[PDB]
Every structure is written in C-alpha cells, then in structure tokens.
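The chain below stands alone and is given as structure tokens, in the form deposited without the named molecule.
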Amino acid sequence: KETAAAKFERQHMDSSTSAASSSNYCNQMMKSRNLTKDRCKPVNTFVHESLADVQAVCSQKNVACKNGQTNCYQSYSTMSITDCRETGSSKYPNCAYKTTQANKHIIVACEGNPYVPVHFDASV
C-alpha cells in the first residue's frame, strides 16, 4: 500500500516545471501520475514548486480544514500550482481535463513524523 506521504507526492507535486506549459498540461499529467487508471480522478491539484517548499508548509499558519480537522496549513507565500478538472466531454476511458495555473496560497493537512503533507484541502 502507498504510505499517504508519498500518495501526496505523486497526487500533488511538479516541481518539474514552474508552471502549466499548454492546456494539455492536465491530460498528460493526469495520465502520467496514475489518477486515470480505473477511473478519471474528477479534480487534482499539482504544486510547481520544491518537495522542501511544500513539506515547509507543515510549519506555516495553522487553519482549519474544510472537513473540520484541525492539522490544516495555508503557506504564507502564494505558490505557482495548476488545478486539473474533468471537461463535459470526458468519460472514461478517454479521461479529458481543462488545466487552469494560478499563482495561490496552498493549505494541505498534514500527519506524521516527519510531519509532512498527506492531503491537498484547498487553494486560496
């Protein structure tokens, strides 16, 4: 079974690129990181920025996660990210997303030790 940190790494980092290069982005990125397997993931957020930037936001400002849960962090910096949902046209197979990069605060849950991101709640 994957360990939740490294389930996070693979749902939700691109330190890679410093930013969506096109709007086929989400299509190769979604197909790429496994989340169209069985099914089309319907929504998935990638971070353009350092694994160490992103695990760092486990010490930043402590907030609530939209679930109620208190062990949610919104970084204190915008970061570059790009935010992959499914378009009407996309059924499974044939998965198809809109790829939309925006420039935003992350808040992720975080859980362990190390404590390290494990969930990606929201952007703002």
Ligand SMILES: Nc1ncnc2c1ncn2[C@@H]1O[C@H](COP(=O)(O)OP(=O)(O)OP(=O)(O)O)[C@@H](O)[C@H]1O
Contents of the next structure:
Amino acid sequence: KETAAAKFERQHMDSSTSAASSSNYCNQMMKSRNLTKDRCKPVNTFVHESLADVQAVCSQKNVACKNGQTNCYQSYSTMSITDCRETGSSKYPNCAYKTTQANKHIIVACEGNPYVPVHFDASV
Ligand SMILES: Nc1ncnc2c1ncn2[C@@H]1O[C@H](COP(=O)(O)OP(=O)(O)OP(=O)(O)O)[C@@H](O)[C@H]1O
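Cool, the form deposited without the named molecule is there; where's the form solved in complex with the named molecule?
Full assembly next; the chain just shown is listed first.
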C-alpha cells in the first residue's frame, strides 16, 4: 500500500515548477499523478515549494481542521500554489481542468512519527 505521506506527495507536491506552467498544466498533471483514474477528481491543489518547506508547516500555526480535528497547521508565509478545478466540457474519461495560479497560505493536516503532511485542507 501507498503510505498516506506518499499519497500527499503524489497528489499535492510539484517542486519542479515555481508557478502554473501553462493553461494546460492541470490537464497534464491531474492525469500524470493518477488523479483521474477512477473518476475526475473535481478539485485539487499543487504546491510549488520544496518538500522540506511543506513538511515544516507541521510545526507552524495550529488551526482547526474542516472536519473538526485539531491536527491542522497553516503556513506563516504564503506559498506558490496551483488550483485545478474541473470544467463543464470535462467528461470522464476525458477529464478537463481550469488552471489557476495563486500565492496563498496553505493549511495541511499532519500525522505520524515523523509528523508529516497527510491531507491538504485549504488555502487562505
Ligand atoms: N484532520 C485530518 N487528519 C488526517 N486526515 C484527514 C483530516 N481531515 C481530512 N482527512 C482525510 O482527507 C480525506 C478527504 O479528502 P478526499 O478523500 O476527498 O481526497 P484525498 O484523495 O484523500 O486527498 P486529500 O486528503 O489531500 O484531499 C479523507 O481521506 C480524510 O480521512
């Protein structure tokens, strides 16, 4: 089985680009990261920062999670992110996405020893 930490890296980390590469970014990335395999995942965020910087967020500002748990943390600095959101023309297996670039604070849930990001909660 894929670990929850590995799943977070696959679904949410893209350190290779500093921002949204192009208008095609989300279509390519959602496919290549296996996020359109069983259905079109309707929304997903990629973070363009190093793994170390995103793992560091687990010792930053503790905030309530959307599900009511207390294991969420908000980055003190803004981070470069790309939001992918499913379009109207999008029909499985031909999933289609709009690509938005932003610089926002991220909120992740952390678990484990070592204590690492496992879920992306929100950006603010
Ligand atoms: N506070 C939390 N700590 C750990 N896991 C959480 C927390 N809040 C939500 N989750 C997990 O997030 C998931 C809900 O998101 P969903 O399954 O739609 O997307 P995903 O493919 O799991 O990727 P992501 O979790 O990053 O959104 C559930 O698996 C849930 O267990």
